[PDB]
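Based on the provided sequences and hints, a complete structural model is requested.
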Amino acid sequence: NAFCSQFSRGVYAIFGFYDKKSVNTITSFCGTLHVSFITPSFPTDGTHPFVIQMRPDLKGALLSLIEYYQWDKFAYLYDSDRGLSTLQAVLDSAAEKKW
Amino acid sequence: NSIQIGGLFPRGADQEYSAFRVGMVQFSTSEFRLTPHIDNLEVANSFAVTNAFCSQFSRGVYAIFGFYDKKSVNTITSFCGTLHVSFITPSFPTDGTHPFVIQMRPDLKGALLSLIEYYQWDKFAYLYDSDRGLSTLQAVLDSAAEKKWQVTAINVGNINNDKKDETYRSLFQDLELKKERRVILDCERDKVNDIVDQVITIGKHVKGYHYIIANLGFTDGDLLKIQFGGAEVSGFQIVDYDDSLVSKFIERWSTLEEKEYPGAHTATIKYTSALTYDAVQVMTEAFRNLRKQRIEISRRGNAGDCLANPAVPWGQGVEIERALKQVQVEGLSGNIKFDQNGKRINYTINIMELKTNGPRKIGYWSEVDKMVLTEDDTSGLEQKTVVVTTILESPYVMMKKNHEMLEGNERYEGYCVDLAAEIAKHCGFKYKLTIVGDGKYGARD
Amino acid sequence: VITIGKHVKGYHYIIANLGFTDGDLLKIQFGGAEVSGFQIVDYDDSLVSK
Ligand SMILES: *[C@@H]1O[C@H](CO)[C@@H](O)[C@H](O)[C@H]1NC(C)=O
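As you go down the protein sequences, you meet chains A, B and D in turn. Oh and the first sequence: position 97 is 156 in the deposited numbering, straight run, nothing missing. Oh and the second sequence: position 350 is 359 in the deposited numbering, straight run, nothing missing. Oh and the third sequence: position 19 is 226 in the deposited numbering, straight run, nothing missing.
Please note that a few of the clues may not be correct.
No farther apart than 25 Å at their CA atoms in a straight line, the calculated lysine-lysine pairs in the PhoX-like style are these [unchecked claim]:
#1 B:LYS118 / B:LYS352
#2 D:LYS216 / B:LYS188
#3 B:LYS187 / A:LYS156
Think of the hints as simulated: they come from the structure by calculation, not from any bench.
Written as structure tokens, this is what we have:
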């Protein structure tokens, strides 16, 4: 509702936050209707046009710090709210590097 | 009476569209009829699903039949929960308690876990795809901590089409370095057929390997090529062809016309199309029951657009969802009974195995009676227990001091007892020691 | 050979004809079994390559 009401107003760009539930709604609407979306939320997995992510990635920083401390056995506690893309990185790297 | 409903079908759902039309003709009654109003869309696009829902809300529908995906499950359950329109689907079950949504697919996570403790696995691999949600992966990872497993989970879904053969072969070589003999496949029918073909080419269907295909359709895929290889394959199925109600349907299904009904002239049906056929029965049974208790659901007032501020419910929709959940019939899947949330309860899943003759049946799974084997196997008569006779003389055969506590071969000790153990090892048999009854070595009267 | 699983490591095959690469050879290539053979036509030769 709030996307289409501001689209009727004739706005140039939209600044907002999204969750894991509404990430698919934003990237589909802005891709079709060709409006830019600037967000400080978590980056989307894959590539989507017309979306500007302001938050840097973190998957490279974890795999460096774990390797620096030289860990082989640990426990990973996660919350599902930002997606499961971080868990999929540390499960695929675990099989390659024997964790 | 004519009841007007809606339909949302994906691009290329040819067999499910055919089983929808066959279910219309057979479950038609002279008392009332159903109007389909079928639309076609891209299921992954949330924009296209939003236009399709608000269009059929403008015409005015009593219920909506459709499919969804992971990328659009949240669009469906939010619209149906707010605007009070019921939704019947054969897709994957949602996580939580969403109102106004009827799931026609049985759950799988309880059956998959119980099969693993039956084969008694401690270490295995798990290949998954991200399309149906990660609910099955989160089930086995949480259960691995409390019951002491070692699970290797690899994402196989995002492989590009052009570079398939390099990526699958690099994958199994990494599993070979870990000496992973046990693999679980959680993929759809097209993705399983691609992995199975890459298994054979590099030579991984030989004796010593085991595979579990974690979907409700076991025999829907190609199965002849791994049949003669030598590796055991287990799986699950909800459709029983030996049942008379299913076998009557297959006889009508094979004799249909290809040019009118595409995909009809086959010997088998998919589990997706079977639940599409059953859903027409559930929708017809509800409005037949709803007219029988004299409840009027006529809505002469116009709906308007879906984007109404404030959004208003219509109280006849509360009556309809209670009628849909209170439906108990018999179908191709089996007994169809619903709980309060709308998920199927009181169902059976058939555990199957692949043999050189073909797929067989070794039991079933139910939520009250966890795993029940089917006693159709007689074995053990091939092995012989050789009867060894002896006499009690020291130090050849002697009774141990705790002979009351022990039983059988453990009771005796001596020279001949150790000699009997050595000969059975070199010859390769099993034995049972018996004292001679007469107590004499041997003579002839 | 492939269907019953006899192209794995530990097996050897000799194809006794003058045409080795004329038949289909990609399917036993990645398996693991050694295959030997004979050929009289040399594609590296300039007269053949012309
Ligand atoms: C399911 O319930 C019905 C009665 O409501 C019963 O006849 C049937 O046997 C039940 N299913 C199983 C597998 O016991």
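Here is how each hint holds up against the structure:
1. B:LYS118 / B:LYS352: Answer holds: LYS118 of chain B to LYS352 of chain B is near 14 Å, not above 25 Å.
2. D:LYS216 / B:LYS188: 16 Å, holds
3. B:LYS187 / A:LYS156: 11 Å, holds
This entry satisfies every hint, going by the numbered hints stated previously.
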